[PDB]
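Visitor: So you can see what is in the structure, the chains are spelled out below.
Protein chains: 2
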Amino acid sequence: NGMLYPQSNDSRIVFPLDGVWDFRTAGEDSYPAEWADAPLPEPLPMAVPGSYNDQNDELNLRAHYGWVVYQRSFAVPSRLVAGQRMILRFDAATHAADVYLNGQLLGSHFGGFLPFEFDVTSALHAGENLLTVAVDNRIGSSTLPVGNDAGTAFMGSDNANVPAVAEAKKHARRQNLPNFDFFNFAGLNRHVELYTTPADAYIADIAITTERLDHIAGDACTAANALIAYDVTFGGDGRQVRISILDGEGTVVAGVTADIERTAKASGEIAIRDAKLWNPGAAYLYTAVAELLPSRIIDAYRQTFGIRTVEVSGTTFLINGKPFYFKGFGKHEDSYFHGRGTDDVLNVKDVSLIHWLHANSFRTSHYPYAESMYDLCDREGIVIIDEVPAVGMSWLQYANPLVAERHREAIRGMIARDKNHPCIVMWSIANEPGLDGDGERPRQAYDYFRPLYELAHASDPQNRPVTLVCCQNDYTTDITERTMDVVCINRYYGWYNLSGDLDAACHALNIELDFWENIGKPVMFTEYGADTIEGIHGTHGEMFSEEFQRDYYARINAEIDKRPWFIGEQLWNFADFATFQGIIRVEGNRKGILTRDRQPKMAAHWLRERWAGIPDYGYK
Amino acid sequence: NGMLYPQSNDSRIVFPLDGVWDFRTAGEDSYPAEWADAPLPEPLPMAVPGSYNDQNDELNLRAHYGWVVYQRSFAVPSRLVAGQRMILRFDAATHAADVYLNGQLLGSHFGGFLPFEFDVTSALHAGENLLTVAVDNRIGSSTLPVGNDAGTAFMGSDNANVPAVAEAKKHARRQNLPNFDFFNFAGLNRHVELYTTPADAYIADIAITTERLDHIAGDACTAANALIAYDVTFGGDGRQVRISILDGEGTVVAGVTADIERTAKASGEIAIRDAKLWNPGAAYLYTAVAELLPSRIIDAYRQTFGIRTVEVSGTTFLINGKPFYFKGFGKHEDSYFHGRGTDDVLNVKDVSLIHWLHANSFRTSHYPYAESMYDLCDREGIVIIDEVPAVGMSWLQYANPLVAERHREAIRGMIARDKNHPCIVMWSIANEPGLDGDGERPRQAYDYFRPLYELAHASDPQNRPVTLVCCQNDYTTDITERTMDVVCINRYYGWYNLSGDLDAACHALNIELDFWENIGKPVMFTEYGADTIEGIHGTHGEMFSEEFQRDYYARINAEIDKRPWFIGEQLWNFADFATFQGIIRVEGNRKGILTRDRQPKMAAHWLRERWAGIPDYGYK
Ligand SMILES: CCC[C@@H]1NC[C@@H](O)[C@H](O)[C@H]1C(=O)O
Ligand SMILES: CCC[C@@H]1NC[C@@H](O)[C@H](O)[C@H]1C(=O)O
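Residue numbers (the deposited numbering), protein chains in the order written: chain D, -1 to 235, 274 to 298, 303 to 334, 342 to 667; chain A, -1 to 235, 274 to 298, 303 to 334, 342 to 667.
Because the hints were derived from the structure by calculation, they are not lab data. Incorrect hints may appear among the rest.
One copy or two, it doesn't matter: identical chains are merged, so the pair holds either way.
Stated by the list, open to error - Derived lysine to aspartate or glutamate pairs resembling DMTMM-like cross-links, with alpha carbons at most 25 Å apart:
{"hint": "1", "residue 1": "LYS305", "residue 2": "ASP198"}
{"hint": "2", "residue 1": "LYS167", "residue 2": "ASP561"}
{"hint": "3", "residue 1": "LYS305", "residue 2": "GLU606"}
{"hint": "4", "residue 1": "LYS168", "residue 2": "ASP598"}
{"hint": "5", "residue 1": "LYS369", "residue 2": "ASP217"}
{"hint": "6", "residue 1": "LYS568", "residue 2": "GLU285"}
{"hint": "7", "residue 1": "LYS168", "residue 2": "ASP483"}
{"hint": "8", "residue 1": "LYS168", "residue 2": "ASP548"}
{"hint": "9", "residue 1": "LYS609", "residue 2": "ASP521"}
Only chain D is shown next, with the shape it has when bound in the complex:
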């Protein structure tokens, strides 16, 4: 269950397999398996970590449907692998992968945004090893994220009543028809690495939780006492593990030796006096060092963590007992050449931009992000809402067992991967699923999503709040959204409806706000905004002008400022990003307050000014 990021120390080594690989496109629903037995014939180069779609302009890989095959060779010293447990880890293969080492099928995986790994101890041999990875990009009614089995993509245009169109449609080249509004970037989007652990016994998982805070200071910089819990899982086979708590300076401030009881596991509590707390805008990180004892040390892992509590109370969102207000946006892992490929230069820059904007939070729309981004936000005091790739769901999916299991897999996998991050304060179990309507549809939606709500609570040892990001819908027939711990709504009053009319937009918004006021839950925006082409200007800003985006946020935010129970503003989007092509997508989605090259539109400056005057704690 545990998926700790590979670590190098005295008992463990990591050997990265990133770089320029060999690559071939394959079939719509098959690939030659014998490609795993020998070097790929006439291979293309493909850098990895990264989407393959924008890495070859001779081909149109954005149009590709089905399989591609990655391959590379590697060799490591035999003396290093000797006596060790050898693990091959893929941080992300989008969406599904078959993995071969030296002609042996290691196995397969479907989750496109969460890591998976194989024990290759027996599959490895000395000298060059041949690693072949088939990657499947196909989406459909049974995938998460959801694809359409026929018809059009989102916000796709059609003239279905024209006989010639209907006929041509049946012979059209097969394409992925996304059930979501971002491009279906595929491939080895994140790192690949071989790593080592001891074979006989090893640390397999670590969970650190903040259990209680005693006498929190007025500024929440400290608590007189913090009670934290540890849970270390072991693999392999009166054994003991030593746990040391290291502060920001490397000083051991607490330590305990715990017994390993048998799934071998050691668990307990540690009291830390005058603990320095993790807050938005003021991060502080400890390290929990776990050492498996035989004075010598058998295995070790260093787990970063932060000491803080999260509690929804009435209409407030309390971090360390302080009423927090979200300032931020939905993001995407999206950039010009990498596509969905992870880029830590871009992560560092983006985090700096979040600081520049005086934002304090974002959501991982619409899939778990690269792990490094969470580490970065841990050390930079930026709060995260962590979201699974459950986007594009409707009633067709709720009756599908394979979908349900993949959804459960995504939730359990995300939380297993990300549980230790202090920056994460809430889980999102879906984005914009069908929840409303008449007949039994709302009840079917509820019956589908509640056990997933409960699962997220059961899987998270910190028991953070759980939400579901709700599309603009009939809130009166939706019976699911109101039952989340925090109500997270996507609303586009004045854009997709009442278009360009901000007075009417604010009126409508206020009507729905009056509804939510009676619901009595804490409520936040997780999306709202307007497509905006930088350089389009007007003295009276119309849709697509910079002025209109600015005016839009000014009016809307002026309205939500009147509601004490409205605890956050996350807009759409942080930055322009790539989508499936269509008549409403001007070189992708342009609701970014920044361009795709991270340059500030007028709205970004305005929002920066507003957010500079809004405190993380006590705004409402």
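Using the hints provided, position chain A with the ligands relative to the given structure of chain D.
Guide: Positioned in the frame of chain D, the structure of chain A with the ligands alone reads:
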């Protein structure tokens, strides 16, 4: 019936009233009557001619609903008006106007794109006169062009199932909701002028027709004989009119004195040996000089005309017996400050650009244009399809008697105004009305449009072909379009349907072409294209890129080149233009092959190259 453009000569003088007028906005359905009786209080400046909407950035006149009031003073010498018939002419007031002179109501007009005039002989007085013109911009279910009485604008976005939206809509500020895709620019869009004729008897109308051509030369530059007919109508009250035919150099090549028979009228035929013909790309113009005789002259008018025949024969479009092929586009009267205001600098430039592109034609989508543009195309050899403002029509309109009468008025007015232009070769009686479907709808559409088809043929002394520009629809249930003289179709395969897929788009296109092949009518594009933001580029062009627009025209035109019965390609659009704001309109409509500033996109260069190799005659 006659609306000859005001002319200055020995018997007539024209006094233009253009310039900077006084201006005030008024109410949604009224204006202060005392504004006609005295100078406007606190007036704004407003240039005439021009739309008022973009002439004041302090106000948001684009959002204006209802009335505005223009006003100015003028004085003319008493000796000039003495004994003369004084006529006040408005080339265009969009859409409806009330006109007052010196506190007296002169009268009213509906129809925003055709001229009207008043006899002000008795209302005029010496010294300063006060001219007040109230202009109404409102469109609705009974206007041409058609507005929507509720809901959203044309190609607008909605979330009607959201209760807050439905409620907010009921209280939204009133706006014109166009059922058409161009901005509702209003005001005194064209010139205003006072002019003079003799009072006792005067020339009221002239019609020149090319009756027959005998032995047209091989190069169509001349005919051995041309039989032309004249029809001169008189107002006022053994009288005679002399008609002299002047060639391109002012030489009298023919002349006759005809009797005026009483509704005073003179009518007859004139034979011209070795007549020089008007052709696309090779214009030649004569002048018919009509002089009312009492050596002295009572009245005179100089009517330009061109000698040429137009005949649809089977699937061919014959100009002077030669099989013509349309190369061009729909245009708009649209520019950055003038809006729909006439601008002859821009007309001259645009005509030069039509030459640069090696185009030979355009359609006056979607309203009759300023008269000067037709004169310009007369002298520049550019062919025109003349179209009434019957755009946005559906079955709601066909049952409306007022709409039917306004439609007949538009047809009769357009043809009465424009009959003498040799450049005009075809009438369009509507753009994209509802024609298809099931039940009685196709029959209802047919029964509405056939008498308008017949009216257009009866009103035109030249009896030019008549068409109806058809939207992308179910061509199998449409029973109206196929009965037109030329089949003019608007098709957006690959843009509004089968989006981005040019293979499927061409396949669908070919299916419908297979349908039209058997109809046995000549068929042409009057619209097709793709919104294109200049500067957006891709190696594999996606929707909104320059490359995609280029590719679009390349593939589609490659398909229509295979059809001998396909006699023309008019794309959409000549240049980017302003629309009502909405989620598919990136600062208006961007399907222009030129920018709004008349700069060429990649597609323009490609089309220029293609059209350079396609002859006006004999391509098919
Ligand atoms: C469904 C309407 C809003 C929609 N919400 C989810 C995002 O993934 C999209 O980008 C956003 C948009 O259309 O901008
Ligand atoms: C809805 C069919 C297309 C439409 N046809 C009429 C033109 O007035 C519009 O500009 C054009 C467009 O959307 O580009």
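Visitor: Each of the hints needs a verdict: does it hold here or not?
Guide: Going through the hints against the structure:
no.: 1; hint: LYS305 to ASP198; in the structure: within (15 Å within a copy, 115 Å between copies)
no.: 2; hint: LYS167 to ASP561; in the structure: between (45 Å within a copy, 17 Å between copies)
no.: 3; hint: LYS305 to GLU606; in the structure: neither (52 Å within a copy, 71 Å between copies)
no.: 4; hint: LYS168 to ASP598; in the structure: between (45 Å within a copy, 23 Å between copies)
no.: 5; hint: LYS369 to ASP217; in the structure: within (9 Å within a copy, 90 Å between copies)
no.: 6; hint: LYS568 to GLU285; in the structure: neither (40 Å within a copy, 86 Å between copies)
no.: 7; hint: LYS168 to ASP483; in the structure: between (32 Å within a copy, 24 Å between copies)
no.: 8; hint: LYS168 to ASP548; in the structure: between (40 Å within a copy, 13 Å between copies)
no.: 9; hint: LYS609 to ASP521; in the structure: within (23 Å within a copy, 51 Å between copies)
The structure fails hints 3 and 6 (numbered hints given earlier, in ascending order).
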